[PDB]
Each structure stands twice: as C-alpha cells, then as structure tokens.
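**Q** Below are the chains, spelled out letter by letter.
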Amino acid sequence: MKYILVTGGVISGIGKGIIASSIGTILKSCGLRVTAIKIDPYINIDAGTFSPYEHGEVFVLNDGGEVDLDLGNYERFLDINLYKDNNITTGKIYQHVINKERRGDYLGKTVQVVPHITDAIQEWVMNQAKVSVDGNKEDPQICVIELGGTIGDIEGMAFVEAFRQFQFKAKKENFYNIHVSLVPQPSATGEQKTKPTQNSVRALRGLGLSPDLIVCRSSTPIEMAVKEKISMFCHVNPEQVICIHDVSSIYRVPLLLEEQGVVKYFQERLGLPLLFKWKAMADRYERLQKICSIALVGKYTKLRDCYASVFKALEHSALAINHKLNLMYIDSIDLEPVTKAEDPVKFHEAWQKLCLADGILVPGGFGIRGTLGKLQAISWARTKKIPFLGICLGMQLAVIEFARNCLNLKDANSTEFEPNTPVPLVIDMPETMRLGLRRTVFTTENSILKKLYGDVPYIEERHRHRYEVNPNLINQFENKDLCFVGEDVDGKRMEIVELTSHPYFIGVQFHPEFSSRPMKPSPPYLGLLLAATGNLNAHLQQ
Amino acid sequence: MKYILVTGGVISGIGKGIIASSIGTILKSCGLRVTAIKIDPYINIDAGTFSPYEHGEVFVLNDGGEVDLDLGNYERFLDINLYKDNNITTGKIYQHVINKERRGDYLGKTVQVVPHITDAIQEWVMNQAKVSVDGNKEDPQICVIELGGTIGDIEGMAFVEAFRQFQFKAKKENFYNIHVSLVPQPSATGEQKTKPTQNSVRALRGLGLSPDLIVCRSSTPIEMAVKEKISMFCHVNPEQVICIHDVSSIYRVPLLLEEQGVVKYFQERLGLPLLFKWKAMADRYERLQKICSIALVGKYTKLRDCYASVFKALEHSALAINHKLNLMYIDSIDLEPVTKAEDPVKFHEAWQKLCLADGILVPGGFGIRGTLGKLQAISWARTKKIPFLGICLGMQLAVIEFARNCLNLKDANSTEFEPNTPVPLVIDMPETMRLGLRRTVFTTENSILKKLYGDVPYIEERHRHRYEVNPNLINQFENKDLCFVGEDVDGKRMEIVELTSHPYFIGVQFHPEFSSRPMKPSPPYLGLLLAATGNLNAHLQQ
Amino acid sequence: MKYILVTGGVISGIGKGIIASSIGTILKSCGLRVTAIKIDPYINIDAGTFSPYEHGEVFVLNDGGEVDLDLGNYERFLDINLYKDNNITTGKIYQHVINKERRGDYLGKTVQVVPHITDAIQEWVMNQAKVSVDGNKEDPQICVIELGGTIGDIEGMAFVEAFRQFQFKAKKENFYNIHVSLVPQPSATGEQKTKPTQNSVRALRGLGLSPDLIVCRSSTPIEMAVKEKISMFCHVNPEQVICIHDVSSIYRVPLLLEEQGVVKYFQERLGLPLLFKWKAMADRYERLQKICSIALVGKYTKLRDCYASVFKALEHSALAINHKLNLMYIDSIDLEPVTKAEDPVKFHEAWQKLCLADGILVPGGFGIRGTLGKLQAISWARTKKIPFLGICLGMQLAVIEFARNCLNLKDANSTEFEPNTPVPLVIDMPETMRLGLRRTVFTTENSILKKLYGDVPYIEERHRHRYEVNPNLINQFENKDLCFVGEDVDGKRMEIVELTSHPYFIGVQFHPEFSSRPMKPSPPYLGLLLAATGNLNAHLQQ
Ligand SMILES: CCOc1cncc(-c2ccc(C(=O)NC3(c4csc(NS(=O)(=O)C5CC5)n4)CC3)nc2)n1
Ligand SMILES: CCOc1cncc(-c2ccc(C(=O)NC3(c4csc(NS(=O)(=O)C5CC5)n4)CC3)nc2)n1
Ligand SMILES: CCOc1cncc(-c2ccc(C(=O)NC3(c4csc(NS(=O)(=O)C5CC5)n4)CC3)nc2)n1
Ligand SMILES: O=c1ccn([C@@H]2O[C@H](COP(=O)(O)OP(=O)(O)OP(=O)(O)O)[C@@H](O)[C@H]2O)c(=O)[nH]1
Ligand SMILES: O=c1ccn([C@@H]2O[C@H](COP(=O)(O)OP(=O)(O)OP(=O)(O)O)[C@@H](O)[C@H]2O)c(=O)[nH]1
Ligand SMILES: O=c1ccn([C@@H]2O[C@H](COP(=O)(O)OP(=O)(O)OP(=O)(O)O)[C@@H](O)[C@H]2O)c(=O)[nH]1
Ligand SMILES: NC(=O)CC[C@H](N)C(=O)O
Ligand SMILES: NC(=O)CC[C@H](N)C(=O)O
Ligand SMILES: NC(=O)CC[C@H](N)C(=O)O
Ligand SMILES: [Mg+2]
Ligand SMILES: [Mg+2]
Ligand SMILES: [Mg+2]
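As you go down the protein sequences, you meet chains A, B and C in turn.
Going by this note's numbering, the final residue of the first sequence carries number 542, and the count climbs one at a time with no gaps.
Going by this note's numbering, the final residue of the second sequence carries number 542, and the count climbs one at a time with no gaps.
Going by this note's numbering, the final residue of the third sequence carries number 542, and the count climbs one at a time with no gaps.
A hint or two may mislead.
The list makes no distinction among identical chains, and a pair is therefore deemed to hold if it is satisfied within one copy or across any two copies.
Here are the simulated DSS-like pairs of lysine-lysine, each with C-alpha atoms no more than 27 Å apart in a straight line [said to hold, decoys possible]: (1) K137 x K277; (2) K195 x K353; (3) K264 x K324; (4) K264 x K302; (5) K100 x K195; (6) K109 x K353; (7) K172 x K109.
Think of the hints as simulated: they come from the structure by calculation, not from any bench.
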C-alpha cells in the first residue's frame, strides 16, 4: 500500500483539504484506486456535536457518520463513499485505547501515548486504508491521509509521532509527507514572507517528518527568488517547492498541481505508467455568459461554509445547465419583521435579494432562530410561483405553511418550535435520529423529482432528521395541491412533497446535496436550476 | 527607568517598527523623554555590510553608524538622534564577549550564552538606555526596545532569555512586553485566523515573557468574536488585545493605538498625569487635492524600502506644500538603450514616467548598474529644465555629465566605473568612507540651497561616500553654469553643486533625507517639491 | 571519508571522551587512519582562558594550542598529534564568520546561524578532517567528532543542526551518530532508569539526528528488560543499545565495546575486512602485586582531573615497571604551617602521606597559592633523598630553593610571587608564553634524563611557561650540586636541572606528561617510578 500524509502549517483554512482531494484526483486520473482518511485532532467523537459555525457543514455519510466537510471534498473529487472510521479523531482513538485498557488488553502494562495511542493510530490507518470506499470490492492502492489542524496544534502531535514511526514501517517509496503552508504578503511592495513556512517545516522536521513536497499557498504567484528562499531554508529541492496561487475556478487546482510537476513527482516516485475532465469543467466554467440568481435563505449564512455541500450542489447544477450561479446568501432572520424594526436597511436588502430570486433555496437546520424568515420566503415562493427547493426543515416548514394558509390550520406547527402545538403537524419520530442512507419510495408517478431521478421507483438518499410529518394529519392534504409524492419504505414517513399547481415547489426530507458530484448534479438541485431558467419542461420532455 | 520590549510574532514585515515608533510618540506626547534600541538578531556587525534589497535602506547616524531603517523610524517619530550602540546585533554582543574572554575578564570560567551573552545584552541595554539621544543632557525615562526578527528566529532566543531575566530585575512596573502578531484572513468569507497569534504567544510564554499587549495586525478590522478568541487562547484580557487594521495614512497609526486604549494602558500602568500633531497631519493629508509627480530614477527601485528615507523626505516635503506625492519609482536600467532592445515596453513606460516628471530625483547608490539611466534622466532634466535633485551618486553623475556634454570632456567619468578614466573627474578620496555628520560650508551667497537652509553660512549633514570631485578638474567648471556652491570645512572637497542657469538642478554629496522630519522637511527635498510646483520663487521671496 | 559523531545525553562527565577515544582505537585496530575533532560549545577561544578546576587539565598541543583534556585522550588512545583547529569552539566559529562578514565575504546578505554558522562548522570539519594528525603524510579515513556538552546545551544546537545537514551530504554509510547516555539507578532494589535516555534520544531525534548506537553508561550491568525498554522507547534495535558498565581498568573499555558488538557494527557498516594490546595491558594491570606510593604535591588536587595527563603518565610508568600506582594527591596548602594552625589534622595527614612517599611529584601551576607547600616537599625530597620530579613550576621552585638553602641566597624568588625580589632568580622571559613544542638540547653527558631519553643530544617537548631561570644568576650554581643539564637551542634558557648528589631529583621546564603514551611512558615519569622502586640503576645498566 501507499500513503500520502497531507500536513498543515501556519493556518488550516488555506484549502489543505482541496490539496488532499486534488492529490487524490491526480492519482485517480493515473488509474489508482484511492481512499482517504481525515484526522481531526479534536476530542469530539463526531461532527454531530458541532454548530455549523464551528467547522462548516456537518457532512453525513451513508452509515450515518456525521463528519467534517473535507470528507465531502474527498467524495466530490473521488467517486468514493466513506465510512465513519475514515474520520479519525483524538476522542475516538483515546476512547478505543481506554476501552482496551479496561478489558485488560494491554496486559497490566502502563498505557501511555507512545506506544499505545500512536499504535492505535497506525492500527486504525492500516485497517481503514484497506477498506473499499471505491464501491469496487477490492482494497485500494493509495490512502491520502489529511492531518487536520496545524503542525503547531499540541493535540495533533500524537498523530505526527505516529506518522514518524509509520514512515519507518511504510518506507519512503510508500509514505510521502506533503506540507501545505501559507506564504503571506502584507503589501505587494514588500517581500513575500517565507519565514512562517521555514519555521513550520523546522517544526515538522523536529517531529521527524520530512516534506516530500512543500505547497506554498499565496494569493499572487510566488516569485522565483522567494521559491529559492523557501528551498534553501526549508532544506528541500526547488522541484519539491510548489506554488499554488489563487485561480479562477476550483477545477484548475488539480491542473496547477499538474503544472507544478506534482503528477510527475508521484508518477516517478510511485512508478505509475490526463486531468482532461478537470480542464473541460475549468475552461467551460470561465465561458458561461448566462447567470441564474438563487436565493439561499439560510440561518447559518454568517459563514458560507455552513452550506458548503448545498452551494457545491447548486454549482454542479449551474455548470450542468451552462449558467453561472449568483448564490444570494440571505440571512433568513433579515426577512423577519423583527429586523424591519431593528435594521430596516438589512430587511429591504434581504427582501430585494428575494425579489431578484430566479429560484429560492431553503436549506435545513435545527431550531426556530431565523425559521420564520424561511416561512416568509416559502410564502413568497408559493404565491409568486418562484421555483422552490426546501431541504429537510424547508420541507417541514412548507407542509406547516400549506396547512396554515391553504388548509386554514393556523394553529399548525412542529413539536420542536412549540412542543404543545394544538394540531402537531410535524412531530418527533425517532428510529435515534434518522441518520444516513434510507430508501424513499415514490408513491406518485406524475411527480417532478421521480422524472428528474430517471423515472425510478425509489431513491436512496442521506437523511439527518428527528422530526417527521404526523401521519394522521396527512388527511388534511389528501385531495389538495400539496401532494406527498415520496414516502419511506416503512410507508409511515413522508419524505418528499410537491405542490401539484406550481412549476417547481419541492420539499425533500433528506439532504440531496451530500450525494451531488461535479458530473452528476443531485436531481432536486438540478430541477431548481432548470426551473429557475425555464429549461425544466425541455429537460423533462428530453 | 522604564522599558517597553516590542517582540514580533508570525512575520517581521507587519510594521512592528511603526508600532514601536508610535508607542514612543505616544510616550513623547505624554511628556516623557524616550530613547529607542533596535536589536537585529543577525551576526552582521552593521548594516553597511548589506545590499538595500536585503533589509531596505541603510540608514546613517551622525557618528557614522550604518544601521537599519527602523532607527530612521525612531528618529522620524521621536525628535532624537541615535548612536551606533542603539543598534544591538548578535555580532556586536558575541564579539564583545569574545574580546572580554580573550582579556581574561571572565576569570578563567567557561563562557557560555546564559549567563555571559545574556548578561552582555542586559549590560548593553541598561548602559545605552541611559544615553541622551533626546539632545537634552538628561537621561531618558523610557527605552522602547524593538526585538527584530520573529519569536521563531533561533538567533533571537538569547535576547528573549536576556529579557526574561531583565523582567525580574526591571520589575513589571518597569518592563512591559508588547507582542505584534499577524491575524491573516485567506478570504473575506472565511474566519480571521487567530491560530498564528495563539501559537506565537504560546512560544513567547514558553520563553518566559508575558504579553502586556497583543497587537493584532490585519488588513480589515478584527471581529469581536475573533478578538475574544485571541483573548481566551492567548490567555490575555480583552483590553490587552488591540486591533491595528490598515488605515489611510501613517499619521493615524498612533491615533489607532490611542483609540484602542494603549495610551490609557501606559498612562495607568506608568502613572502618567494629546496626539494633536498626528491628527493634524492625518486629517490634512486626506484633504490634499493637488498632486506633484516626482520621478525617482533609482537602481534599487525593485523594493521601495531601498529608498524609504528618500520617499519619506519627499512625502514630508509634499505634505508641507499641501500636495500628494505621485512617486514614480523608475528602475534606471529601463531608461538605458539596452532595455530598448531587450524590453521596449518597459523602456517606453519608464520614459513616459520621465516625461510625466514634474521633478526628477536621482538617489544615491554604489556601482555602474543603472548609472547610464541616471545620466539619461539628468540629461533630460538639464536640457528640458525639469527640477532636479541628485543625491551623492546623483551629484557625481551630474558633474561628470556637465563635463561630457557642456565642457566637451567626453572622456570624463569616475575612478569607480572606469578606474583608468583619461580625465578622472570623480576620484576616491577617503578620510575610509566619509561617513556620518560633516560640516559643509556654503561658498556662493546666491545659491538656492543656502536660502532654503535659512541663509546659513554652513550646514551639517549626513554623508556616506568614498568618492569626491577631483579638485584640479574644478578648473574646467570655474566660469561655467555648474557652480560648486558648497564645500567641506577642509575646502578640498566639493559637497554641493548647482546649475546657475536652471530653476532647480541641485547635486548634494551628502544624504539630506536622513535628517528629514514630518514637520521639518529636509530643504533639498523641499526645494524639489517647491520647484516642481512653481512655488520655489514664492517661497524664496517669503 | 567517514564521520562518527559522538553526542552526549544527560550529563557530560560519564566518559563520553573515553567512548570516542575507544571508538577511534577500535577503528585503528581495524587498520584505519583515524583523526579526531573535539567540539566544545563554549564561547571561549581556547582552554588557556581556564582554571584547571573548570574542565580539568589544559592540554597543550605541539603548535601551542591550549585545548581540552579529551584531545589528550585522543593522543593517548591513538598514535596521533593534533593541531589547534582539531578543537572547534563556538567562539572560534562565530569569530571566523564575523571576520568573513566584516570583509564582505557574505556579499551583503544577512549573516545568520543557519546557513552561515552551520556552513562554517561543516567547512571546518571537512577541511580539518583531511589533515594528517597520524604523522603519515596521507589524509585519514575516518574522523571521530566528539560533540561536547549535553544535547540539552543551547550553545550545542548549532552543531547538532550542522550535523543534521552534514548527515545529508556525508550519507548514512559515511556519517554515524553514537549517543552516550546515563542510565541511573537510585537504589539497587529499584528499576534502572531509562527515562533520561528516552527523553535524550527524543531530543536528539527532534534535532534530526538518529542514534546508530545508544551507549548506556551505568555502574552495574544493564538488565535485559531495561535494555529492551531502552530499545522500544528510543526506537532503536537491541543490537544498537550497548551497556558500558564500570570495569576494573580503562584498558577494558575498548574490549567492552568489542564485546557489545560495536566493532562488528562498524566492520559491517564500513565494510572492513584484534584489540590484543588493550587486552595485554588490561590483564597485566589486574595482576600487579607491587605498589609504588607517589606523593603528588599539587595545588589543583581538589579535582583529580586538574592533573589528568600527569596521573596518566605516572600510570603508564607504573604499568611499565609492573607496579600499581598509589597516587597520594596532596593539596600543597596542607603542608604549609598556616594549615598547622588552621586544620592540624589535615596538616599531619598531608605530612604523613609525604612520609609515605616512595617518590615525590611537584606538578606545574600558576601563582603563589600552595607554592610554600611545594617548597616544603622539595626540601623534604632534597634532604631525605626521596626521588623527585618537578614539572615547570616544580623546576623553578627547586632552583629557587637550592639558592635559598644551599647557596644561602635566602632573598631568592620569582618575579611572579615577588616582582621586586632582591636577587630575581626566576624572571619573566617571553618569546608571549613559551608554548608548545620546543627543542631542549642536553649540555651534560652524565645526566640521568639524557640516558632515560635514549642517550639523545636533544629532545623536543611541550612547554607552557612565561618564566625562566635568570641567565646571570646561573653563576651561583656553576660549581655546585644543582647542574643545569638541559638548555634551549637558543642557550639563554635553562630547561632541565638535576642534583648531581641525589639518586633522582629532576626539574624539567617543559611538561613531559603531554607526550606520554600507554606503551611509551614519558622518561622523566619513568625515572621517578624507577627511582622510587630502586630499579633506575638496573634500567640504566640495561
Ligand atoms: C488549495 C486550494 O487553492 C485554491 C486556489 N484557488 C482557488 C481555490 C478555490 C477553492 C474553492 C472553490 C470553491 O469552493 N468553488 C465552488 C465549487 C464548485 S464544485 C466545488 N468543489 S467540489 O464539488 O468538491 C469538486 C469539483 C471540485 N467547489 C464554486 C463553489 N473555488 C476555488 N483554491
Ligand atoms: C503598524 C503599522 O500599521 C499600519 C496600518 N496602516 C497603515 C500603515 C502605514 C505604514 C507606512 C506608511 C508610510 O510609509 N507612509 C509614508 C510616510 C510619510 S512620513 C512616514 N513615516 S515617518 O516619517 O517615519 C513618521 C511620520 C510618520 N511615512 C508616505 C510614505 N503608511 C501607512 N501602517
Ligand atoms: C566510557 C568510560 O567507561 C568506563 C567504565 N569503567 C571504567 C572507566 C575508566 C575511566 C578512566 C580510567 C582512568 O583514567 N584510568 C587511568 C589510566 C591509565 S592510562 C589512562 N588513559 S589513557 O592514557 O588516555 C589510554 C590508555 C587508556 N587512564 C589509571 C588512571 N579508568 C577507568 N571508564
Ligand atoms: O527587524 C529585523 C531585524 C533583524 N532581522 C533579521 O533578518 C534576518 C531575515 O529575517 P526576515 O524576516 O526577512 O526572514 P527571511 O528573509 O529569511 O524570510 P521572509 O522575509 O521571506 O519571511 C533574520 O536573521 C532576522 O532576525 C529581521 O528580519 N528584522
Ligand atoms: O482540518 C481540521 C481538523 C480539525 N481541526 C481542529 O479544530 C480546532 C480549531 O482549529 P482552527 O484552525 O479553526 O483554530 P481556532 O478556531 O482556535 O483559530 P483560527 O481559526 O482563528 O485560526 C483544533 O482542535 C484543530 O486541530 C481543524 O482546525 N481543522
Ligand atoms: O508517579 C508516577 C505516576 C505515573 N507515572 C507514569 O508511569 C509511566 C512510566 O514512568 P517511569 O518513570 O517508570 O518510566 P519508564 O518505566 O518508561 O522508564 P524508567 O523507569 O526505566 O526510567 C509514565 O506514563 C509516567 O508518567 C510514573 O512514572 N510515576
Ligand atoms: N436536517 C434538518 O434540517 C433538521 C430538521 C429538524 N430539526 C429535524 O430534526 O427533523
Ligand atoms: N552614497 C552614495 O550614493 C555612494 C556614491 C559612490 N558610490 C561613492 O562611494 O562615493
Ligand atoms: N606551567 C607552569 O607550571 C607555569 C609556571 C610559571 N607560573 C610560569 O608562568 O612559568
Ligand atoms: Mg525577508
Ligand atoms: Mg477556526
Ligand atoms: Mg519505570
């Protein structure tokens, strides 16, 4: 087996997960079966513990693993599906070792970081790297291990020590360390500052890992004198220092790695006998003259990364219909009349963006904060016939709203926002949380999503929800415009709903965005982009 | 006595010397006598060893100390004149300790970093901090010590260890540590990254210095959540975290420190019973509608810091005449006909900037590289009557050119560029280098500079030159337009020259820029700005 | 070329220089030309700056290099003669780099530890390792580099960083790191503590050097469980962990390294196609039934290392005559009547040891402290006919005393102790210090030392003295018992003196001990041991 460790210097946020994902897509293009492991050095067992504002979107796996958005980047760049244990954390490792200790598996010896935690990491990495994430029932050739955090993070040091040891088991033909670092430039008239990279590589070398590649992230291109200054002081050959400057689309980041000779490096070092899909997407993306203006009416909108998979699913869809996405990230609280009193300019800016909406997206979330502003946008979409996609909470809200405004059940709500709702239309219905892959069966042949999904009898999509439509109160909707077109395989759960009288007003109980890929846009997001540009009728006739 | 140590985190280039200088100007405005010490952890004994491209302009002191540009920042923000030993270096400290060892001053004991190097640093700091740089024959109250480099620089660690000890001699009412750090933001839609500051303060605390203040440098203002994230993880109170964002003029950086409560901090902690000069310069600077376009025809143009004092002297002058400076930094190599062949677009851009020149500045330098381009600009200035200031080399070239073009001595040059010049007009004339403060006597009452300097019989200016006008060959100029208006007190050295037939064409052998202050622009730079805007005649009548 | 770096862990004093010297003698026995370099990370330029109490005896080289006693260990274990620059120090390296900087040799670039100091170290090591110390005019095969101090010493870190780099120039077939560490055991009923060795190797690995061998120094043998505990936690194979316990003679330390497979390691790794001299000395040493009791009347007796070469020269001599040395180190201050008042028990113990003296040794030193006690012992030796060897100061005192007691010149002394001595018999006579190898010519054919030295016309011996016999005042001795048998080649300096009436009472102005080797005892020390056992007359007839 082969291992590429991707370590972070100075700051984590410089697209190290895009480097790791692009490294994987280069190896994929070279014909290798590639798997990926994320290490998050936090003590948290899973990302299901987090607010979206902490690390971005909580990405959901088929097995119901709630993981970091970098696992989503692996699944978007590589045609893989990951499992829970492809996310390593310090919490998972320490609990495993504690559980072993409490069983006496360590034979009455003093359990300590080296060896036992560092053994557990190597054990985990070896065993999980053999797992078929590629869908093909064959062990992969190469594992791209992203070591999250920075090489200054004290929690990460056990993993760096584990990899120092691992580098001597999996030899230098097997184990590669790529170090991703920031080269800041405070002003364009001063030197590009290599000192953070020098200091960061000195730290990494102090932990006993040698950079095979140093990836210098910068805004502008790195000057050749600055490249040589990195080479000398990091003690690495000029071929091993690569410049990843900012580029016009994500699709060029694999190409820039290719241009910088990373493909050559790995082809030489691994002995591998190109990225035309990436070049095709890239060159097409710059030439898109048309725009589709989508309103994302989100509550987590304060950091755009909170809806990363959602945005990427829209951009897959936008690219597939040859339009640029104008994603009007609206903070949903701004649409509420509370903000008309408190900040009237933000209110009228938000409502102006909602007027400019060719389509409206209401993504999922938990709680009532900003959730009346979601209802304001769904009401606007419903009445003014604007193309609508409601995800999870956005389905629940649409069902509640149709009950209020079209069935006159003004007392309808969720047993989330008001536990003692008079007609509890949305209710808590655990399985625990309905979490990971579930089969939704189509129960209406004339549904829009069925046809977008290829006229299939069922779909299997990723869920992350506790609340459901109350199955008695479906009787209110029975012969009215809002039709529950999709149900669970157990029947007693309504998983897709459509307005029969509207060109595109979809509620889905699942999260389609997690299943979206660059050349396979998730059909509910595709339908939104299609409807917003009038192409839906043409597409469905085609 | 009081001591403020200013330490650098992440990267040095974030204006830490402007923080140190602004800290001093705050204390100056509070009525304190302030001195300054620069520590440069390099093994170089002086900045006279450097190319300008290495650290910026080699600033020259009255005693002939060739020092870092930060000593120039101290002299510009504080009305002080510094001495050689206000620049500490590792070279100076280690040589001192070696010299002591070789005399047996360490009594046959094993000389080592702690104590002996760290004692030498504390010895030096205590003794030099008592020196009257303020011109007043009274020991200053406070010493601002800028620790150059970064807190990751291994050479700096002896000084941090020395200051750890010093903090226990000079107690916490005396000794303050300000830590200047970078908070980068890779994109405006991602978090402002405090992790470099966290890691940097953890390193500083590991070296046994506690931040009294953490100065967060950033482009944009720091968000309050980011400020609290710094406060928690750096283990410092919110009042001690200050945001220094980018601002519209240098004159606002003291004011922003004042606004962030740094003046309050030091007034409270030092027990001091405001920055109106700074506010006056700042608010006036933004309101300047007029522009003066100056061509800086400088061989070291590749980094603007190579002419920092020169640019600052022009900006002092520009502000004093209520004009904005359009400083057209021209690489003189681009004006040479070599570049007409090799890069014709750069040539015609450079010559277009030279056409747009309201005044022409030829700053000093060493070597023949770019000298023909300086001569091209001096020729242009001489013939087309464009206001000219030649500094040192620019005087030597003007004298050589007038000999070539006006006296027909086409064989004239320096014994620098051609040692065996047929008529050696500019010759090596050591005292070594004519270095630091020397008295130039005016020997022509009708000279422009005499009147700009206040109609004085002599001036004392800072020199840095080995070459002189050959005193025999002055006979060629004797009765012609180019008059040697200023000479040394020894007579045998020509130190200022003027074209009598030109509105402003000045050669000075000294560097006037080192003596320039914000409310006292150096008169040769003032005369250039005045001549370039026609105001010179009005000023000299006034 | 090949390089063995010998690095110190926990504490320096565990015989790391004996490991380095024994490593060299193993390679010597394998037929290699071996040179040695000592690095002392102190800022001191030479050991001539030190008191003997600081680091032990200041060993003197042929060129007049005053160096550490470890250079003496190299010269005793290897048949080499070293030069000044085989002692590297931080002082020497930093001064060299400063001198280069001041000449502009670093081309105006910022001089700093990495690269420039670490380059200077590698430069020095490469160039000095090519030097023929072996007397044969051929470059040696292997350089044993002892890195002095500990791997915790901050001054040493530049050398460890230099060797990290050097390990990548001189590859792993060329460059070996041996780490010498202490494994303490607080009581025999508790575990042998490997944690200092674990922590020390973790530090060394953090500096980027991997132990090829870990030498565990201990009192008792290392237990196999403790050896495995070192192996696991230091991350090294059991063959690379060696136990060097305490052994009955120095001659067994090469043999114990051989037994532990260090000879096998280097024979395998270097590809070399045994230590019988060492075994012969060792096995003979344990079987010596006879004892020779020598009084060493030395002012520096407080640390025995202050007379290391002297003690080793006596032990070479003792072994050569098949006697054990009872070296009665007497602090000469105890023989003085001052101590009869202040500490009468020490006085009578010292005088009892002087009564038990089969021979008396008065080693060299500087200053009047303990000189009266040396004179007391010389008086005792002179009158009671006890075999005497006076080295340098011991010659000067013997000449002064014979003048006082036998010529009645009671006013005689040195212009060291009393500058204004009435008859200045011992005077300052610089060449500075008469330092290193000088030719002493024999000028009396019937002298004892001439015959001990093989009946040679002259000898060349190592000197370290400023004072001489005043050549006029030789007229007092002219026809009396004290004959100046040896003079310098310049004649005007008396370098050996003998009492013609005494069986062995020798003053030598040089230090014979520095020239002494295990199978070539220095003849003045041999003559002392021979005279003290009556064998001198037999030897001189033989
Ligand atoms: C080392 C990184 O350095 C640099 C340097 N320069 C630029 C970027 C860069 C980073 C992120 C983005 C981005 O997020 N763009 C979007 C998108 C569409 S599809 C997708 N990702 S994806 O589906 O996982 C799979 C197909 C790729 N992202 C539109 C939203 N665009 C540019 N990154
Ligand atoms: C912690 C620093 O943070 C920030 C934040 N925002 C902005 C700046 C900033 C830094 C440098 C400059 C600058 O160099 N400006 C010029 C000038 C004129 S006078 C002088 N300096 S001076 O004479 O020493 C004495 C009077 C002050 N400089 C025009 C050339 N302008 C802005 N610095
Ligand atoms: C890694 C070291 O571990 C251990 C373990 N166990 C024991 C010792 C040990 C260390 C020093 C001594 C010592 O100094 N002994 C003496 C002597 C005679 S000759 C000479 N040295 S020598 O001439 O340089 C060359 C011929 C060798 N020394 C009598 C004075 N004896 C034993 N060292
Ligand atoms: O204020 C000062 C004083 C001294 N120095 C010293 O100058 C040398 C270079 O320090 P720099 O920070 O310029 O580092 P560099 O050129 O190696 O890396 P980048 O600029 O690309 O980030 C180091 O030895 C440092 O301590 C400064 O950087 N700044
Ligand atoms: O890729 C990953 C995985 C895990 N983590 C982990 O998340 C935690 C926060 O890591 P951050 O880099 O977000 O740090 P911070 O929020 O304290 O500081 P700034 O963003 O302002 O720079 C740390 O425990 C780290 O190891 C990541 O940062 N990124
Ligand atoms: O007082 C205590 C508590 C705990 N421990 C813990 O026990 C473990 C072993 O700590 P030891 O000091 O016994 O180390 P070791 O056995 O690896 O090495 P030596 O004894 O040969 O020197 C470590 O994890 C330490 O923190 C103690 O050593 N002592
Ligand atoms: N994923 C979501 O949008 C969650 C919706 C809702 N709070 C539930 O748990 O059903
Ligand atoms: N300061 C300068 O411009 C130097 C000018 C010239 N090279 C000299 O040495 O005189
Ligand atoms: N080496 C010695 O014993 C020194 C003796 C005496 N102090 C001198 O300087 O000559
Ligand atoms: Mg730099
Ligand atoms: Mg963060
Ligand atoms: Mg133990």
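**Q** State for each hint whether it applies.
**A** Hint by hint, here is what the structure shows:
| no. | hint | in the structure |
| --- | --- | --- |
| 1 | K137 x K277 | within (25 Å within a copy, 68 Å between copies) |
| 2 | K195 x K353 | neither (44 Å within a copy, 35 Å between copies) |
| 3 | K264 x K324 | neither (33 Å within a copy, 52 Å between copies) |
| 4 | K264 x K302 | neither (41 Å within a copy, 34 Å between copies) |
| 5 | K100 x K195 | between (43 Å within a copy, 25 Å between copies) |
| 6 | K109 x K353 | neither (64 Å within a copy, 32 Å between copies) |
| 7 | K172 x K109 | neither (32 Å within a copy, 36 Å between copies) |
When the structure is compared with the earlier hints, violations turn up for hints 2, 3, 4, 6, 7 and for no others.
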